[PDB]
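This document opens with one chain alone, in structure tokens, the form deposited in one PDB entry.
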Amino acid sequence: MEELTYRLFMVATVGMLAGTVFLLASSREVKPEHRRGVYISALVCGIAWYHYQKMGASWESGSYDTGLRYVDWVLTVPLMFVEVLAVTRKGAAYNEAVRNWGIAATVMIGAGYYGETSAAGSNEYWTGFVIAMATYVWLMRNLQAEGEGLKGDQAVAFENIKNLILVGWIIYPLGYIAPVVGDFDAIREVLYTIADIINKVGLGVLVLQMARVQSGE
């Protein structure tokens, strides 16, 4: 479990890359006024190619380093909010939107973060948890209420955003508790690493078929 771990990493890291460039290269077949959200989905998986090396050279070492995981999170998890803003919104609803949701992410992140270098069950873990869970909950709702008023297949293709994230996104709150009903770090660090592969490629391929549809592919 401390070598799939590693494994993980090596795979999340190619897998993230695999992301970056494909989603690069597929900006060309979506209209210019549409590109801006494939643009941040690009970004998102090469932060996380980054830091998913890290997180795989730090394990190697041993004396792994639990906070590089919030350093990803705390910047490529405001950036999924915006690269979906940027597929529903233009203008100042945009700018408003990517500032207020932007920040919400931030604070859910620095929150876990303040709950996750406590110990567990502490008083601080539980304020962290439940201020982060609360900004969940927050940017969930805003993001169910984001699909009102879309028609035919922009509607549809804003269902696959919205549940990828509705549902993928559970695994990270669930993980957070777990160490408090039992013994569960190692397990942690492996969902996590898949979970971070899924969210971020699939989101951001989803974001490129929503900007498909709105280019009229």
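Positions refer to the first chain, counted from 1. Under this definition, the rigid core comprises the largest set of C-alpha atoms superposing within 1.5 Å between the forms. First, how it differs from the form deposited in another entry.
Just one residue from the list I170, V190, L68, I177 crosses the 2 Å line for C-alpha shift between these two forms on a rigid core fit, and it is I177. Once both forms are fitted on their rigid core, the CA atom of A86 lies 2 Å or more apart between these two forms.
Requested next: the structure of the form deposited in another entry (the form deposited in one PDB entry having been shown above).
No partner chains or extra molecules come along with it, only the chain itself.
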């Protein structure tokens, strides 16, 4: 389980670099005016690459620091919302959502950190879980209500972004509780790494598909 967890960090390290550079090279496939989302997805993949390098070395040391994962999440999740909100919003409406979602994300991730760095099953562990789950549900319900005014191909492209988030982000709370269901500490790390690859690489690809639709492809 330990050696599988290590190999998955290394697979995910190269996966995030490939995400980064695949998206940068793919930016020539779309009109300059729809490229900003692709550049941000590459920056999200790039921050993750940098932290996955650290997390792999941290795991291989025998003294894993979950701080490296949670710092990755506090930076990348708000960048991922900057992308999604830009499909449907501009001016004050964009700035207010980015502010409000950004606060919610930071509280979600901070609470998770507080609980994860407590003993599994302790009142601290559950307090963290419940406060993060509530915030998570607030974000997902906000996300579900975005894009009522989109038409045709742009509407379907955005629905694919939303469904990837609505389904892919469920893996994080499953990872968080893995260590109470069994003697499976390393399975938390496995589930988080798979989620990060699906969610960062998957979102990169769907943001690219959106940039192609908006370019009239």
